Structures are given as C-alpha cells and as structure tokens.
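One chain follows as structure tokens, the form deposited without this ligand.
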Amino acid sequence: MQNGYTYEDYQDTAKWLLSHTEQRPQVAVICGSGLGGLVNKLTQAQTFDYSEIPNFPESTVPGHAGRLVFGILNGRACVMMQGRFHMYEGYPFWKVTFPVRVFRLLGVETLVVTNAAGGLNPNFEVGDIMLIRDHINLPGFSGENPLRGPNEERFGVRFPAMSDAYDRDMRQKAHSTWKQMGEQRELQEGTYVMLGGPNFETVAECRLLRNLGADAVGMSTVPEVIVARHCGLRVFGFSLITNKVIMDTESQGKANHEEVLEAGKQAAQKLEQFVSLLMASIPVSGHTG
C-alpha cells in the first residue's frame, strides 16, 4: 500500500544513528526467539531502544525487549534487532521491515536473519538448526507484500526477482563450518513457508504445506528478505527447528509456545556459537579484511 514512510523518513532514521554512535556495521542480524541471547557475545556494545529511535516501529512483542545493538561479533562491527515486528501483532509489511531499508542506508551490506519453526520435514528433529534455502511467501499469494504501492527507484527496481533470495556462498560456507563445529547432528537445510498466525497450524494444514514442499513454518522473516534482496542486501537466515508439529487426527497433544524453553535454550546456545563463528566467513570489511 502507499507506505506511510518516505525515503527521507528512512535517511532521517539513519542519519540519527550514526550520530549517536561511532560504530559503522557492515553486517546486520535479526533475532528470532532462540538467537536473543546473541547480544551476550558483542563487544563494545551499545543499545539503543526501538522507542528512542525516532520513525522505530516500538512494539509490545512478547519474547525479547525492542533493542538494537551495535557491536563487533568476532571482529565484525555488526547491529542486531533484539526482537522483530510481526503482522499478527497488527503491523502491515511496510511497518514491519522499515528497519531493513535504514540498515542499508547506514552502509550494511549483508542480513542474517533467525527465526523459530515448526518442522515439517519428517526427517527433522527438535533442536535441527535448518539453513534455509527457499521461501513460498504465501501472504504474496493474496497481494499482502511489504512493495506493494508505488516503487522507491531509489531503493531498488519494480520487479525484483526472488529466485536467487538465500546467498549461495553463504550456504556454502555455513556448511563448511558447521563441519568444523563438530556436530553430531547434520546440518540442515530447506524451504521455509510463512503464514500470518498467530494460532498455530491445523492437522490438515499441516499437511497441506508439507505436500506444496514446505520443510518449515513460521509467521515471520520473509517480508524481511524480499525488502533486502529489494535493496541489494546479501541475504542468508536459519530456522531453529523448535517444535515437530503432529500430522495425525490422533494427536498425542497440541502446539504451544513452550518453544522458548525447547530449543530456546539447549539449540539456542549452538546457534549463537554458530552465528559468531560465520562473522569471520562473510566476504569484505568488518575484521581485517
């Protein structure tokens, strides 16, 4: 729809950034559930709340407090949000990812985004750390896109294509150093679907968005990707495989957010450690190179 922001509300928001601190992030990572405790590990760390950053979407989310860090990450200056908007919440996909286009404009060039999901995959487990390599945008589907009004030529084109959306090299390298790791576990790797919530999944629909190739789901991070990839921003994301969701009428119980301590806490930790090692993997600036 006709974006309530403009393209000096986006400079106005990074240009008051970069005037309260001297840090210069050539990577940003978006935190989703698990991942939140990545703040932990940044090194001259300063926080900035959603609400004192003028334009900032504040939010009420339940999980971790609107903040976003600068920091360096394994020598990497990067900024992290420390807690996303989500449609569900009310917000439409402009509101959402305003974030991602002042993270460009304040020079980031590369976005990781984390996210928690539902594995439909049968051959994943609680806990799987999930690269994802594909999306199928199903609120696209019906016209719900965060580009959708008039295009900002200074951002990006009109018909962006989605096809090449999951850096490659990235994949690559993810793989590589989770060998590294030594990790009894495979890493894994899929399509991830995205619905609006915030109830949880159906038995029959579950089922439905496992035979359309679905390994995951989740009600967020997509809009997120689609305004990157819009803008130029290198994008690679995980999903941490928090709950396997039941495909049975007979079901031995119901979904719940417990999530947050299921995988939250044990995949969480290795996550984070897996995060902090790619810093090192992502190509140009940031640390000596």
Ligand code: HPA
Second form
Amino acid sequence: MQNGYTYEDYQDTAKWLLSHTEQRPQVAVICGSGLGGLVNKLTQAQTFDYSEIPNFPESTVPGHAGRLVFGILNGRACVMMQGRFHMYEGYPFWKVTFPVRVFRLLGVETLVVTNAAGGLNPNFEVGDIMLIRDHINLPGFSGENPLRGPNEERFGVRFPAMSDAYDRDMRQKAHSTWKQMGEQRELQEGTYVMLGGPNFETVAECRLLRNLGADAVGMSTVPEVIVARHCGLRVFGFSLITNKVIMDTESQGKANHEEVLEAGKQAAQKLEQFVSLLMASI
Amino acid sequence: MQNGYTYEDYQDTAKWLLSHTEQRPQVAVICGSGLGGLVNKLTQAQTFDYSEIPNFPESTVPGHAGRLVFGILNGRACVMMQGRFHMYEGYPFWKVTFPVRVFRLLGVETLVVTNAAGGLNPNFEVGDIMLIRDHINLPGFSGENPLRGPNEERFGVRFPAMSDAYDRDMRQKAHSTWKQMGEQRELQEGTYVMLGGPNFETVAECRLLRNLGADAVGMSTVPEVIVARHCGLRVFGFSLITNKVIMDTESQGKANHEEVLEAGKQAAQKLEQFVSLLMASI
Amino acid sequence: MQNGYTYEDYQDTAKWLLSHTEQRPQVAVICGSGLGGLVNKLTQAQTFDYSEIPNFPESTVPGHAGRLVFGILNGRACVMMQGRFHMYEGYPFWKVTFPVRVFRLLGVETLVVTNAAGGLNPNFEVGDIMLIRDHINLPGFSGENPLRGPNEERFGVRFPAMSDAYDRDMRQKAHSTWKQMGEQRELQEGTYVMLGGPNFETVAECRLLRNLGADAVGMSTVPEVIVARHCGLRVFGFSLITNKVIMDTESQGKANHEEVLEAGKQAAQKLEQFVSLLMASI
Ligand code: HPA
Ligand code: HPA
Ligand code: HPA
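In place of the form deposited without this ligand, output the structure of the form solved in complex with this ligand.
And the full complex, kicking off with our chain again.
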C-alpha cells in the first residue's frame, strides 16, 4: 500500500484554508482527553468543520464532531484539531495523518499532541500527566506505517530517524512551567506504547507491555509523530493517565470508557492552563 | 478496513438456519484438534454444509469439509462448527468471525472454543489439555482486529473489555469435572498466544514467546473470543497440546503437521467425554 | 489476501530467462550492503534489467536500478539480484519474494542472502559481519506473511518449519573460510530481527528488540528466507553491521542512511572475497 494523497492534494487543502482565514498559526495542537475545552480559550477564533474542508478525512469524536479551530492562545497563533482519526475506526494511517502534512504547508513549525492513556507504570495515578519521552510503535513492527509506499521527497527523507522525536528543550520547558503552577503532584515522564484497539487489553497483554518497558498504553498519536518528524516539525506531547490498567488476575473490575471520560472531565482545568502556559515558552 | 457484513447479513443467515431446523441451541462449539469426532455423539443431529448456508464463508478443514452441525449433546442443545477459518488461508478477521455473530442471533448464550497448540510451558507434555485462562493477541497489536471499522451498536460497545474474556465460573466447573473423570494427569491452565502462521516458529521466536509469558502457541481462536465477548457471549476454551516446541538450537527434529494430527487422534476419546460432561454444568 | 501470482506466472518468467541465456545457475545470491560490486567478479556475465523480464516486480535500488545478473563466480554458476524489494516501498510480500520462486524453477538449489543491519549486540562494531543463525519475524506475528492465502502444493507444504532455516553445514563452512582469510576480527553469528521501516528505531524500541534476544535489526531478508525454505532451497545469509544503534537516551547523534552507505563502501572488499571463497564450498 502507499499514500493515497499526492503532494498537490495537501497543498490544495492548505491553499483553501489560507484563503478562508487571515490566521497564520505557528503551532498546531491535536487535542485529546480533557483538552477538548481548550478551544474556549482562543481569541479571534475561527472554526471549520472537517466536512467543509476539501480532502480532509470525514469524522467526529466522542460526543462532538471534528472541527479545526484557528485562534490565538495566550499570545500564540495556533490551529487545533478538536477530534482526531484512529485506525480502529477503519482509517489507514495515510488518512489519519493527513492534517499533519497540511499544517506543515500552512507554515506551522511546532506540533503539540495529547491523548488519554492507561497507566502501566505502578507509580502513576489517575489524573497524572505524563510527558511523552519516547514511544514504542507496535503497528510499525508489522509494516503498518504512515510512510509506507513511495517517499515524497518534498516532505522529507526515505529513512527518517525517530530517536529524537520528542523535543528535549520543550520537555525541559514543561517541567519548569509545571513547577510555576504550584502543583503538588510531580510531572511524570515516560514511554508511550501504541496498539490498534478498539478493545481494552487483557491482564497478560498489560504485563508484557510493562515488561517491554512501556509506561502508558494508548491507541493513537504515534502515526502523527512519525509523519510530523518526517516533515521536520518540532514535536511535544503528553498523556493524561485516565485509568490504571488491571494487571491482576483477581480483576476487581475492568477498564471502561466511562471512567476515562470522567478523568478527562476532572483534569480539563489543569490540562488547559498547562498548555496555555506552555504557549509562551515555545 | 471495516466489516464487509451489514447487521442484516447476519440476521438473514440466522433466519435461514431457523427456518431449516427445529433445533434451537443455547451452546455453540467450535471444534478443533481431536474434538472433530464430537459430532458423532449428538442426538437428533442435523448437518448443514457451509456452502449451502447463505453468506457463510466458504471453506473446509484438514481431510474434511466444513459443516455446521445442530444436535443435542448430553442433554444440551448445541450447534457445532466442524472446521474453522484461519487468517493464514487468506480470510480477513471479519470473515473468520462471521459464525460467532450468527450464533448470537440464533439465541446462543455460551461459546466453547477448542484448538491445537504447541506447548511453550516446560511442564506441558504432548496430550495435555490446557484451559485457556487468558490470551495474548499479536495480530491485534498491529491493528489486525475483527472489530476494526465502524462499530455496530446492535452487537456491542465501541471499546469492549477483554480482561474477563474467559469465564471464571466455567473454568472452575472444568476443574471439578476433570477430577470426576479420574484422570491421572493434571488439568493445565494458562495463557494462549496467537500469531498468523502458516509456518511453524523458529527457536528464537519460541524463546521470546515464552519470555512474554505465553504457555501455548497457536494460529486461531483469539479473533473468535474477541467478537464473542463483544456481543456478550460467555466464553470458555481449551488447547490440546499437540507438540512441544523446539526451544533448543540443537534441533533434534522439528514440528510437523503429522505429529499434531496423531496427538489429535490419540486424545479424541478424552476430549469428547470432557466436553460432553461439561455440557451438564453450563 | 493471497498470492497474486499463479504457478504459471512463475514458470512463464522462468522459461523466458532460460530461452534468453545459456547460463544455468545452481546458486542464487541476493546482494545487499557492499556486496553490490560482486557482479564485477563474474565471468561470462549476462545482465537483465528487472523491467525487461515479464512478471518481475518493477524497481531499483540506492543509486542504481535493479538488475538480474547471471555469471560464474569462482567456478560456480550463479544468478544475482542487484537490488531487492522492500515492503516499506509499498510492495506486498508476494511481490517481494517473486524472484525466489523463479530461481527455484530455474534449477537453483542454494540461496545466499545478505543485508545491512543495525547492531543491537553490544559486542558488535561497525564493519562486523554476522552470520544469520536465526531470525525473528515481527511482521509475521501479525499475519503479514508471503505464504498467506491458498497454499501452492507445487512449491511446498501448508505448514513449513522454520527452526532449521539457516543451513548448519554452510555456517560451519563460513567459519572455516573466514579463518583461512586471516581476518583479525572474529566472524559474528546471531539472531536477525525484521521490522517494516522505513524510519529508524527509537531508543525504547532498540532496548526491547535487544531484550527480545535480537542481535541485529533490519527491514528485509526474512520474507525471502520463508519462501525459499517453503520451496526447499538451502539458505545461508549474513548481515553487514553498518552502524551501532542508539541505545542511550543521551543521544550523541542518530542513525543516518549516509553512514550505513559508507560502511557498505568500506567493507565491500572483504564481503566480495568472502562470498567468492564460499562459492567453492557450496
Ligand atoms: O487502558 C487503556 N488501554 C488502552 N488505551 C487506553 N486509552 C485510555 N485508557 C486506555
Ligand atoms: O508448534 C506449534 N506452533 C504454532 N501453532 C501450532 N499449532 C499446533 N502446534 C503448533
Ligand atoms: O539501525 C538500523 N535499523 C534498522 N535497519 C537498519 N539497516 C541498517 N541499519 C539499520
């Protein structure tokens, strides 16, 4: 398989956005978890439904449609994705990552990715925020990769490196900012592992994932980071630990979508101010 | 990719079966290993070749065609799949699992899955029967999942839990029943790991599989359990350890399909009476 | 999915080659790394561009097109693939492995595979040559396998064993030959792990790969060995360690395609004489 989008498809979509808004963002943010309300803090906001933008993959999100919002957050011009695409919905990785390449063509230089994740690291608690220090790409091991197919030289190289995907300087800025917020809990940092989903893991699967060294497990983000790094975007991301995974055979209960939603709801306040504060440091 | 079957496809097939037999099963059994002869113990049996049932995936099995047999086993009304589908034959998971959803629509409430597996756990011996306590889904890690694509709300939820896939109470019943059979060998219990096949594993692959915590390795069953749990079927399954995997570089010999067949032949007698006895406890 | 080539497709291509050259090779070699110049040591060489051979997958290689070269190397009649196909370019495994089955139909009995790999084993140094003793097939775990689909009985069996894929006797011959070359460095030997690519691994991915027991990591070769063993070809292969993988978070630098190329350039001299010497021992 190969990318179903020609370079021209990306630029056509980009040219369309440019001619419909005066906003010219430098930062792009893909919202997840309780970051959904972040759009409410933008100034001079302009919203575009995914369905009205040519070439954009059609979709929505939990309880709300997918919208692309342009605006100024804490003095920084940015564009946000309110709702993303997941392979478990049927989308191939080249559709999932379509927005990342368009952002590049709009002049965006920094990408901020966020998600909800199940905690594998025993020291994590629900509500914890983990800076993504590194990732493990399981679908990648099998060849499921957004870069599979002929390489588009206009975006990047054939064999991009990933060992430096998560910007070091940004992670440092994140720690300083967290300190200034006076938070009692420590800002976590670790390895995110991605799998396909949509079902939740079994005890045995969680144990091996942890033994493989992963700290948090999720069903997104990685394809986006790959493509973003391929085209030279500075990347920074974090996971909202929405639940602790059942690692014990004596299952007291089980992971449920409801609980991850509640967590996203309860941490929204601090997630938003955290991202807002970081804008100034980018 | 998404499921190529609409909800209506499943119900059409179900309505067809209902109008062609007076049997109304509560239990569904997918036979593997030496359980192939189990059909011979059914009362008021009615057989349907897979090729005469609308929408059913076409196929067969080792030395025999695939047939759907309805009948009463030890006082319990059930339907059995004599031969299953495997991804290594070319079938996508949505074809492999087609029967599971039809069983649901027929009124079936319990699913019994059996298979042949290579023993990874050093304490296992050829002929051993292992109750599946948990599973590791390698194809799932890459996105190869029977639930990939839009979710059919009429079957279940978008994010189903799998940590409780193998019924606890049923596994307890299995141990009691095994005791009543006066078997000298202990009833094993463990983690089953699934991979695609059709080739047999290498020494290095077997060592990592064991390190990942798996007790037995096979090329089926997991997709069926996923779909079954998604639609609310109580699941119980076991593996017939047909051979011990070569974990030593000094390969004395090598896994062969012939030997797994012999094992299936020699254990048939006890596999059948075991499943027969369990019917009363469901 | 299934193989898109019928048995007849393979034999048509084979018959075409036979009627266009008087060469009748017993050995087939798939060149990688610095082995690209090996064609320059052939006698009575005859070259065929991949694009002029019916049914052959279209492609090329780094800095040069793909060519099939027939010739005599150190007294042995062989055919060489100057450039191979990779799944990361978009090719399904049944296209990648097409040449292996044609070689079989030409009368070839031995296959020599070579590649460039990143060193995971701490004792390896750039320039090291590692005899492939065993492999780990990650894409295989998910079902991505060149044998997926209906089995062609005219090539081999439905469930081929892989625990003896790398010929024992050949590896012994390789050690003796290396000794006769007076090389100061020891001939390495180990497990090769394959992943899809095209991006290079992250620190976390490299650590788990090493923990899984792999010594070298690459993006090819395994599909070819599978198919070759399926049709009864004696297989022998080795990896040129082109770089040491970044296993440390304090990334001093990062894997780059340039460096792997330099390594391939600097070791070419000994790679060629090594393969040349081995011809006599086959
Ligand atoms: O437990 C989980 N598992 C996988 N993905 C998740 N996303 C949020 N929680 C989880
Ligand atoms: O050794 C084995 N490996 C994989 N699947 C199997 N099914 C029966 N035996 C085996
Ligand atoms: O570091 C590496 N990683 C993966 N494949 C490779 N092929 C050469 N070097 C490498």
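Here the rigid core means the biggest group of C-alpha atoms that line up within 1.5 Å when the two forms are laid on top of each other. Positions refer to the first chain, counted from 1.
Undergrad: Only one of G232, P62, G253, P54 shifts by 2 Å or more at CA between the two forms when the core is aligned; which is it?
TA: Looking at each option in turn, only one qualifies, and it is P62.
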